[PDB]
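S.K.: If you want the building blocks of each chain, they are given just below.
6 protein chains.
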Amino acid sequence: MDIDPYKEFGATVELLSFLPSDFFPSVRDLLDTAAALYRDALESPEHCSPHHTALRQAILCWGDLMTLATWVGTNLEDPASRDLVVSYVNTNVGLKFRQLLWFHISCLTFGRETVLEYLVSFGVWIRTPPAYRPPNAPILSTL
Amino acid sequence: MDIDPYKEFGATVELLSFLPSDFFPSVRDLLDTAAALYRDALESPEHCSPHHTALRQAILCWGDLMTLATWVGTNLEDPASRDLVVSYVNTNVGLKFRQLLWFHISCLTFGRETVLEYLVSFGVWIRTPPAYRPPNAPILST
Amino acid sequence: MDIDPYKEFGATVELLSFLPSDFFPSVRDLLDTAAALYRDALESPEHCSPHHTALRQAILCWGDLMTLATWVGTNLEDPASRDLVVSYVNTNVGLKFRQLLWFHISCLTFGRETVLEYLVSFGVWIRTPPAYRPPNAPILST
Amino acid sequence: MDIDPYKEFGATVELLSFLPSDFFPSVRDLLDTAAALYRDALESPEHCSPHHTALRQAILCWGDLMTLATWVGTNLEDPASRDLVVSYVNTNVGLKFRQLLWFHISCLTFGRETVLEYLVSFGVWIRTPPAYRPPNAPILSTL
Amino acid sequence: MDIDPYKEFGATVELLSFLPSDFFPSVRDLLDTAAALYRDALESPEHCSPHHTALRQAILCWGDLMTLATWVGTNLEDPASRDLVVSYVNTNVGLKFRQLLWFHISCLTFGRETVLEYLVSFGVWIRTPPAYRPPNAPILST
Amino acid sequence: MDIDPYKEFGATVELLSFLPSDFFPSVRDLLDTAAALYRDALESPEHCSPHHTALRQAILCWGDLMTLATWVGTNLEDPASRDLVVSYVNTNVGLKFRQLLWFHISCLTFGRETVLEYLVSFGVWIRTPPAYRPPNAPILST
Numbered sequence: 001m002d003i004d005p006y007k008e009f010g011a012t013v014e015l016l017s018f019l020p021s022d023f024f025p026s027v028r029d030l031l032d033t034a035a036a037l038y039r040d041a042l043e044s045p046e047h048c049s050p051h052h053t054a055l056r057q058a059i060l061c062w063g064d065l066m067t068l069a070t071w072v073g074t075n076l077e078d079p080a081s082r083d084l085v086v087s088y089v090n091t092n093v094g095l096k097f098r099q100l101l102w103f104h105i106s107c108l109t110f111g112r113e114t115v116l117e118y119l120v121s122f123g124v125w126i127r128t129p130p131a132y133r134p135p136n137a138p139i140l141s142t143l
Numbered sequence: 001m002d003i004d005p006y007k008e009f010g011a012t013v014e015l016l017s018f019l020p021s022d023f024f025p026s027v028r029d030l031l032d033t034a035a036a037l038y039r040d041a042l043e044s045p046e047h048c049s050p051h052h053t054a055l056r057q058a059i060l061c062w063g064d065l066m067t068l069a070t071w072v073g074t075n076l077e078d079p080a081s082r083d084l085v086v087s088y089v090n091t092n093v094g095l096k097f098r099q100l101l102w103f104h105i106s107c108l109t110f111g112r113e114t115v116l117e118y119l120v121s122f123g124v125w126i127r128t129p130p131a132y133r134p135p136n137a138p139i140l141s142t
Numbered sequence: 001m002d003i004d005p006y007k008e009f010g011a012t013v014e015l016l017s018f019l020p021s022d023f024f025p026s027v028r029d030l031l032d033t034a035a036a037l038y039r040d041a042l043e044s045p046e047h048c049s050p051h052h053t054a055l056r057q058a059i060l061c062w063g064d065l066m067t068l069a070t071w072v073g074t075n076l077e078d079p080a081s082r083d084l085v086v087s088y089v090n091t092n093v094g095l096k097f098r099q100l101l102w103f104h105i106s107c108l109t110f111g112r113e114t115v116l117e118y119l120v121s122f123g124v125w126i127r128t129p130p131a132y133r134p135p136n137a138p139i140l141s142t
Numbered sequence: 001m002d003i004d005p006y007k008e009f010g011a012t013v014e015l016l017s018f019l020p021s022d023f024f025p026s027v028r029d030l031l032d033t034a035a036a037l038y039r040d041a042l043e044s045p046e047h048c049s050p051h052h053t054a055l056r057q058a059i060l061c062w063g064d065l066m067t068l069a070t071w072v073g074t075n076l077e078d079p080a081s082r083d084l085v086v087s088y089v090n091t092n093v094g095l096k097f098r099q100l101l102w103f104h105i106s107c108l109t110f111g112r113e114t115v116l117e118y119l120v121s122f123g124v125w126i127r128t129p130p131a132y133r134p135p136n137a138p139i140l141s142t143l
Numbered sequence: 001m002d003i004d005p006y007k008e009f010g011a012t013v014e015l016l017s018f019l020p021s022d023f024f025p026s027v028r029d030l031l032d033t034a035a036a037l038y039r040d041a042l043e044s045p046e047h048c049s050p051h052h053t054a055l056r057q058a059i060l061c062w063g064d065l066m067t068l069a070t071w072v073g074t075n076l077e078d079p080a081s082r083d084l085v086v087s088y089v090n091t092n093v094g095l096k097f098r099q100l101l102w103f104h105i106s107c108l109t110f111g112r113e114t115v116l117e118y119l120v121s122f123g124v125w126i127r128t129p130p131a132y133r134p135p136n137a138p139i140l141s142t
Numbered sequence: 001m002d003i004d005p006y007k008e009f010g011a012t013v014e015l016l017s018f019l020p021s022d023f024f025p026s027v028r029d030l031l032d033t034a035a036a037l038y039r040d041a042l043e044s045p046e047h048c049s050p051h052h053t054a055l056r057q058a059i060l061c062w063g064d065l066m067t068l069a070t071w072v073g074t075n076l077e078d079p080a081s082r083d084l085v086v087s088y089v090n091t092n093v094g095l096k097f098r099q100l101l102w103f104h105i106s107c108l109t110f111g112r113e114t115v116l117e118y119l120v121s122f123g124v125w126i127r128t129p130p131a132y133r134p135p136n137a138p139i140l141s142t
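Protein chains in written order, with the deposited numbering: chain B, 1 to 143; chain A, 1 to 142; chain A', 1 to 142; chain B', 1 to 143; chain A'', 1 to 142; chain C, 1 to 142. A prime marks a further copy of an entry chain.
Excised from the complex, chain B in its bound form:
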């Protein structure tokens, strides 16, 4: 299927793919921010914003995959394949979940337009080769 989750809010998979993997916080850090900043809005039953609506489902999906990881880790009889599967889940699907949760959280915190502007700026920044790129990477804030 040719479906893009971020295409609704102006963002796109091509636009976000420029971000290096090291940029995103760890998934546990994103779920820690989720609680600490929006535990009321997430648990409350109002349709606060489409960002919240997508974020709830994203968090639940990550919960399901975490349960899947524990299931393999505790149940599987082969330590080698056990580690293989847990490491496959924690990294490959990691990237995607850390990216989606980060985008939604950043939108809620900073404004959709602000996040899109920052992402365009970082797309410009990263593609420059090191020898001429500025030393300090772009920083995100609404001012």
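Bear in mind the hints are in silico, worked out from the structure with no lab data behind them.
Heads up, a few of these hints could be off.
[As the list claims (entries may be wrong)] Straight-line C-alpha distance at most 25 Å; calculated BS3-like pairs for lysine-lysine:
| # | chain 1 | residue 1 | chain 2 | residue 2 |
| --- | --- | --- | --- | --- |
| 1 | C | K96 | C | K7 |
| 2 | A | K7 | A | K96 |
| 3 | C | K96 | A | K7 |
| 4 | A' | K96 | A' | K7 |
| 5 | B' | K96 | A' | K96 |
| 6 | A'' | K7 | A'' | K96 |
| 7 | B' | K7 | B' | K96 |
| 8 | B | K7 | B | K96 |
| 9 | A | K96 | B | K96 |
[Stated by the list, open to error] Between beta-carbon pairs, the in silico distance windows are:
| # | chain 1 | residue 1 | chain 2 | residue 2 | range |
| --- | --- | --- | --- | --- | --- |
| 10 | C | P50 | B | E117 | 36 to 46 Å |
| 11 | A'' | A131 | B | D22 | 47 to 57 Å |
| 12 | A | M66 | B | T12 | 19 to 29 Å |
| 13 | B | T74 | C | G63 | 38 to 48 Å |
| 14 | B' | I139 | C | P50 | 38 to 48 Å |
| 15 | C | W71 | A' | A35 | 42 to 52 Å |
| 16 | A | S26 | A'' | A36 | 34 to 44 Å |
| 17 | B | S26 | A'' | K7 | 23 to 33 Å |
| 18 | B | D2 | A'' | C48 | 55 to 65 Å |
| 19 | B | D22 | C | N92 | 55 to 65 Å |
| 20 | A | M66 | B' | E14 | 48 to 58 Å |
| 21 | A' | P79 | B | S26 | 33 to 43 Å |
| 22 | A'' | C48 | A | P135 | 22 to 32 Å |
[Said to hold, decoys possible] Interface residues of chain A' toward chain B', partial, derived using beta-carbon atoms under 10 Å:
| # | residue |
| --- | --- |
| 23 | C61 |
| 24 | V85 |
| 25 | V86 |
| 26 | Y88 |
| 27 | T91 |
| 28 | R112 |
| 29 | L119 |
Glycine included, every Cβ here is placed at the ideal spot set by N, Cα and C.
Could you slot chains A, A', B', A'' and C onto chain B? The hints should help.
M.R.: Coordinates of chains A, A', B', A'' and C only, in the frame set by chain B:
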């Protein structure tokens, strides 16, 4: 942690526990019905209703677990492990999706006002003993 | 002495005698349906309708007879007596509760106006001989 | 289930539990007062008040348990277990039924606010140790 | 090349894929029903609705393939080839016509507003597993 | 129980736990700041603000826990019990009491809104990679 997927709508997990496991349709069935009725509803410039957003997220998540299954089929040479994992993905993670996708497609077709009443009526129906149980189960329409 | 539980509503004991004993659902079924649809209706700061008050009293009384059953299971070593008492609580005190809880949950879901008519229609249905009896018994909806 | 019957009317199981067991009248006395003061209101089909609505069901439940007690007393073949069961029902569930019926009857007679005030006062009174507690216990009346 | 016959109406090819192949009626049945209800609707001085035009085109096309079949029966002496061609015309080109003619006769009788909803409801019905599937399939009326 | 002491002031136990353990200052320097800055306000009979009452109760509680520890130290002859109890009072609950005192003291000095804003700011700053975050961390100010 304990976010409830259906709470923000008019149904919940415990409320949706009424409907038996074998009642819900196959994920392939739901996917085909979606590709048939709503192929642009989940591709329009902007989302129209929270149901569309939730349905789209459901398609993404099920696509992720489908690609996981294909990857397992390709990579896990051990036939027993490959069979176990493919059975798990389709029998234990498949039911939850079946439920979510069904709740978000019936809502689009008929609306929450009709789906929530259907979920109450089906509980009433399934609760009666087989002696007095109407042979024809309730079905959605209009 | 001879207080009638349903008299203050639109049904009575003799009126509710129409519905067979095996028609009513299990107390566990009714309890689950309640925990699913009305979990705050029976916990809100103040009661909203007499149906809520009566349903809450019914839950308390059934909880009392459930704890009696568990206590009997724990304390009565004599297996025959333990079996007799557990059978009694669930077969002779269980039917009356099944009836009360059903009448107070269907009223909440659909209202007295629909429950009383359903109880008349079911009498009409059950009264006909099997030759002309419609195969599909009447069921509540909307 | 975490349900409290008296919580609707301001009363609570914690609030009423302070009352000593000897305080409540015998269950037969409560059912004698029921008739003598509210036989018309109980038998009449109007929803006079939520107190009446709860009281009708409470009386019917006690009737059912009385039938249960007679059933065991007359039918059971073992006199020892027969007496055991009848005494278990007449005392343990007694406390609860004598308490509930007493609360509803007192509310009907005296006013919900008056009963709550008296119950708070008796909660203060009973918790005081004997050496400093007043000799005469609080008395209930609307004045 | 890829013109869609139903796109200009409220249904499509993928949408009409829900209804099983054996559900649609025989071409003879549809032809007779047409000769019975609409014999002047497809012969009036001028067309009244696009449904009439499309139905008339369908009759012409099916007449062309009927005459092809009769010509094959007359001319192809080889019994095996004659049997193969007559089977093909009625089993592989016959289903597409059955579909088109049915969609254009039900639309005339009941209108698109009723046919499109019927096609969604039948998908919902057929999708449910046999365990909970209502024994009586949905049918058009009024 | 499930009472969060910060629940009233806006914060939560999880929100303050969103900072690392070692970040909070020790009880000693913290109480020295309290005494240096608001002793006259803490000793005054004026409940000028809820923070004053909460802090007043907190220091008294910590003192009660310190007196118990000292009594254990002087009374118990066993070195093992003495060491374990004096550590347990200091390390296991020291973090919680060090975070409770810090919240109130910072709230008084800079204002509650400043502390709430700083908590989220620093919690977000501690989780971003160093090469993509300002080298110097945030600090309270007015």
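S.K.: Assuming the hint says 55 to 65 Å, is it satisfied by the Cβ distance from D22/B to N92/C or not?
M.R.: Given range 55 to 65 Å: violated, Cβ gap about 36 Å.
S.K.: Evaluate the given range 55 to 65 Å for the C-beta pair formed by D2/B and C48/A''.
M.R.: violated (41 Å)
S.K.: Is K96/A' close enough to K7/A', meaning Cα to Cα at most 25 Å?
M.R.: At roughly 15 Å apart (the allowed maximum being 25 Å), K7/A' and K96/A' satisfy the hint.
S.K.: Check the hint pairing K96/B' with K96/A' against an upper bound of 25 Å on the C-alpha distance.
M.R.: holds (21 Å)
S.K.: Please check whether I139/B' and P50/C have a Cβ separation lying inside 38 to 48 Å.
M.R.: Distance hint for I139/B', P50/C holds at roughly 41 Å.
S.K.: Can you tell me whether the CB distance of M66/A to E14/B' sits inside 48 to 58 Å?
M.R.: holds (54 Å)
S.K.: Can we keep the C61/A' interface hint, with Cβ of chain B' closer than 10 Å?
M.R.: Given a least distance of 5 Å, the restraint on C61/A' holds.
S.K.: Does the interface hint hold: is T91/A' within less than 10 Å of chain B', judged Cβ to Cβ?
M.R.: violated (13 Å)
S.K.: Does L119/A' pass the interface check with chain B', least Cβ-Cβ distance below 10 Å?
M.R.: Since chain B' brings no Cβ nearer than about 17 Å to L119/A', farther than 10 Å, the hint is violated.
S.K.: Could you grab the alpha-carbon distance between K96/C and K7/A and see if it respects the 25 Å cut-off?
M.R.: Violated - the C-alpha atoms of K7/A and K96/C are around 34 Å apart, more than 25 Å.
S.K.: If you take the shortest Cβ to Cβ gap from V85/A' to chain B', is it below 10 Å?
M.R.: It holds, given that the least Cβ distance between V85/A' and chain B' is near 8 Å, below 10 Å.
S.K.: Indicate whether the distance between the beta carbons of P79/A' and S26/B respects the range 33 to 43 Å.
M.R.: violated (58 Å)
When each numbered hint is compared with the structure, violations occur for hints 3, 17, 18, 19, 21, 22, 25, 27, 28, 29.
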